[PDB]
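One chain follows as structure tokens, the form solved without the named molecule.
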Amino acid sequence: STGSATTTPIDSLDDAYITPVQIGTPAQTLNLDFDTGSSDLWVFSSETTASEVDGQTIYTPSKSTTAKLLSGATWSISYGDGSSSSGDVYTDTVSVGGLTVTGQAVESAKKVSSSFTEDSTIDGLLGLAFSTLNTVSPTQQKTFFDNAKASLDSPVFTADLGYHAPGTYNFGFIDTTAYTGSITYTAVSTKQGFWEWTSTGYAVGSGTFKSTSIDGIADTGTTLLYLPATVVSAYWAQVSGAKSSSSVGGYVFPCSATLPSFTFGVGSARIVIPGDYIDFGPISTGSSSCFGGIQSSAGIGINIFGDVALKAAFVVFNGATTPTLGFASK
């Protein structure tokens, strides 16, 4: 089997991407944030505190003839930005782009924090990191990908995120028309439950490539690119007027600037992030100070290749017995 679904930026800055997901019988379609940095499939639901729902589409398991309460199971997650949610668990039929999993754990939110309530366009998350990070207790549950794997033509999924445009998540096959050149595969450590890999270096604009190992995670659920302070300083030094602002919480730059590209290494290959991808617009409405798309990971504790980086590539998440990651230009 295979599946293929279109993923769409939620706003004009590509802050996140939503992908339609069918849950239950009859289908209830929710627009989920596919997140390769987490491993819970959780949704706004009929059980969510009313005051904490603000425009989202909800999953109502009582209306699904295939939903079953997973007795005694709860979940609770806190992401790396202060946001949180928690609730109970059902199993139900979940389909993504024609690919169906029966018995998928669907985590129903009883509580969500303001940060999630405020994103009216995101009806929940579909985690695609390793199932070892799944928060369901007392019996940890598998991700949609983990559940689908055995049935897929090939045990892979791919992320093809667009810049200010729709893109595609495919399951079970590699669309050889979706990228240019070849796919360079690189080793993954699953020891922290992430798609954790090591970049071979970077370049800023037309600058010379610096060979240096940068460990990080491929995370579709993070907007920006978080890299070591040395790397980030080297980048923003090439932008006249750029500075790190403690009040704003990162590097800002004059909105009148044209940004240089940023290149990261994948083995001997190179992925180029165009400068425009690194512009996240005014810090506040009407401001001429703009927020940078490359930020320091210092104090996060991990480097994160988020959407800024991933949308410059066709990315293969290979869940073979020994998982690997593949990157191609596009």
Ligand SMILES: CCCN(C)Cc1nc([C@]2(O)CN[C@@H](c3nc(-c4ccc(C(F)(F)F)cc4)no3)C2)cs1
The other form holds:
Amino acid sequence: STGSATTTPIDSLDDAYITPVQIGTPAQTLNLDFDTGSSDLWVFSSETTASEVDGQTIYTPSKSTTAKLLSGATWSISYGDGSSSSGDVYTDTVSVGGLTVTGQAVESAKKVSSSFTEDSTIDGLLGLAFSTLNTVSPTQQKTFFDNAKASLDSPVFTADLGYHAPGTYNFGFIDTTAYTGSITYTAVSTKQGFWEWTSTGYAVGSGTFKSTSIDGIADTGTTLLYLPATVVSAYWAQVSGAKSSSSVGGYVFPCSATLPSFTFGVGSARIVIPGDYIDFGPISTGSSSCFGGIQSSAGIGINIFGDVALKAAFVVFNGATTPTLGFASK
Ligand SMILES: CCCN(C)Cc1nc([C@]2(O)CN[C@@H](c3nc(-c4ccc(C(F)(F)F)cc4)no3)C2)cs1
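Having seen the form solved without the named molecule, please provide the structure of the form deposited with the named molecule bound.
Full assembly next; the chain just shown is listed first.
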């Protein structure tokens, strides 16, 4: 089997991407944030504290003939920005883009933190990291991809995110029309539960390439590109007036600037992030200080190839027995 679904930016900055997901019978369609950096499929629901729901579409398990309470199971998760959610668990039929998993764990939120409430466009998350990170207790649950994998034509999914435009998540096949050149595959470590890999280095703008190993994760659920402070300083040093602001929370730059591109290495291949992809716009409406799309990972504990990097590429998440990641230009 295969599936294919369109993913759409939630706003004009590409702060996140949402993908429609059918849950239950009859289908209830919720727009979920597909997150290759976590492993829980959770939704706003009829159980979510009413004051914490503000415009999201909710899953109502009592209206689904295929829903069953997963008795005694609970979940609780926090994300890298400090947000969090928790609740209980149902199993139900979940379909993405025509690909169906029966008995998928659907984690129903009882509580969500303020950043979730405030984002009316995100009805929940669909985790695509390794199932070892799933938070359901006392019986850990599998991700949608892990549940689908044995049925897929090939044990893969691909992320083809757009820049200020829709893109595609495919399951079970590689669309050879969706990229240019070849896909370069690189080894993955699953030791921390992520799609963790080692980039071979970087270049700023037209500069020569610096060969250096950069361990990090491929994370569609993170907006920006978080890299070591050395690399990030070398980038922003090329932008007149750019500086790290402790009050804003990262590098800012004059909105009058045109940004250089940023290249990262995948083996002997290169992915070029155009400078415009690094512009996240005014820090507040009307400001002439703009927020940078490349930020330091210092203090996160891990480098993150988030959407700024991934949307420059066609990315293969290969979940074969020995997992790997593939990157192609597009
Ligand atoms: C080894 C150190 C781990 N430490 C915690 C850094 C890391 N963090 C992650 C993520 O938690 C997973 N992938 C990101 C992700 N964030 C979201 C998200 C968050 C908030 C919203 C909201 F604003 F609406 F609330 C929407 C989506 N979705 O995915 C970050 C992987 S490593």
